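Asker: Spelled out from the first residue to the last, the chains are:
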Amino acid sequence: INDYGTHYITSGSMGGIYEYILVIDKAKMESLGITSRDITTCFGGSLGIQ
Amino acid sequence: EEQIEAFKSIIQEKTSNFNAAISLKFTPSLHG
Ligand SMILES: *[C@@H]1O[C@H](CO)[C@@H](O)[C@H](O)[C@H]1NC(C)=O
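First to last, the sequence lines map onto chains F and G. Numbers given in the entry's author numbering equal positions in the first sequence, counted from 1, plus 303. For the second sequence, the residue numbers in the entry's author numbering are 197 to 224, 242 to 245.
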């Protein structure tokens with residue numbers, strides 16, 4: 304079997320073959336995050352006795 | 197390709213004021 308093969312040819316075509324493949328993969332991922340916080344406190348007191 | 201950016205900004209302020217207006221005047242010779 305190893306010397307003469309597992310199969311033999313019964314018919315077919317003896318022509319040439321041209322197979323072209325153009326595989327293109329593109330990926331893009333973007334993530335933006337902005338956080339800003341402001342606080343303000345203002346307090347005063349006046350007391351006078353005369 | 198890789199790209200990253202980070203910005204930070206912090207500002208702090210604290211005012212303070214403290215008046216003191218006190219006067220003494222007395223007259224009943243005697244004077245103050
Ligand atoms: C003094 O009093 C005024 C009026 O109440 C106030 O605006 C000021 O902040 C006080 N303190 C100062 C001038 O240091």
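I should point out that these hints are in silico values taken from the structure, not numbers from a laboratory. Any given hint could turn out to be false.
Unchecked claim - Beyond 10 Å from chain F on every Cβ pair, some chain G residues (computed):
#	residue
1	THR211
2	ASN213
3	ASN215
4	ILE218
5	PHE222
6	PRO224
As the list claims (entries may be wrong) - Think about it this way: if two alpha-carbon atoms lie no more than 20 Å apart in a straight line, the pair counts; the simulated DMTMM-like pairs of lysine to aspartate or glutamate are:
#	chain 1	residue 1	chain 2	residue 2
7	F	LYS329	G	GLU201
8	F	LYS331	G	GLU201
9	F	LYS331	G	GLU209
10	G	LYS204	F	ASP341
11	G	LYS210	F	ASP306
12	F	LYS331	G	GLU198
13	F	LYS329	G	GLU198
Backbone N, C-alpha and C define an ideal beta-carbon position, used for all residues, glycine too.
Asker: Hint by hint, note whether the structure agrees.
Answerer: Now for the hints, and whether the structure bears them out:
A beta-carbon of chain F comes within 10 Å of the beta-carbon of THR211(G); the shortest separation is about 8 Å. The non-interface label for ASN213(G) is inconsistent with chain F: the shortest C-beta to C-beta separation is roughly 7 Å, within 10 Å. Annotated as non-interface, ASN215(G) brings its C-beta within 10 Å of a C-beta of chain F; the closest such distance is 7 Å. Not every beta carbon of chain F lies more than 10 Å from that of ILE218(G), the smallest distance being close to 7 Å; the non-interface claim is violated.
A cut-off of 10 Å between C-beta atoms confirms that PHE222(G) is not in contact with chain F; the least separation is 12 Å. With a least beta-carbon separation of about 18 Å from chain F, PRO224(G) lies farther than 10 Å from that chain, consistent with its non-interface assignment. The straight-line distance between the Cα atoms of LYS329(F) and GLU201(G) is roughly 23 Å, outside the 20 Å bound, and the hint therefore fails. Pair hint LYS331(F) plus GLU201(G) holds up; C-alpha atoms about 17 Å apart against a cutoff of 20 Å.
Restraint check for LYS331(F) and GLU209(G): the C-alpha separation of about 43 Å exceeds 20 Å, so the hint is violated. Distance hint between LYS204(G) and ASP341(F) is fulfilled; the C-alpha atoms sit about 13 Å from each other, no more than 20 Å. For the hint linking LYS210(G) to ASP306(F), the alpha-carbon distance of about 96 Å lies beyond 20 Å, and the restraint is violated. The straight-line distance between the Cα atoms of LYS331(F) and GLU198(G) is roughly 10 Å, inside the 20 Å bound, and the hint therefore holds.
Between the alpha carbons of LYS329(F) and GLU198(G) the distance comes to roughly 14 Å, so the proposed pair stays at or under 20 Å and holds.
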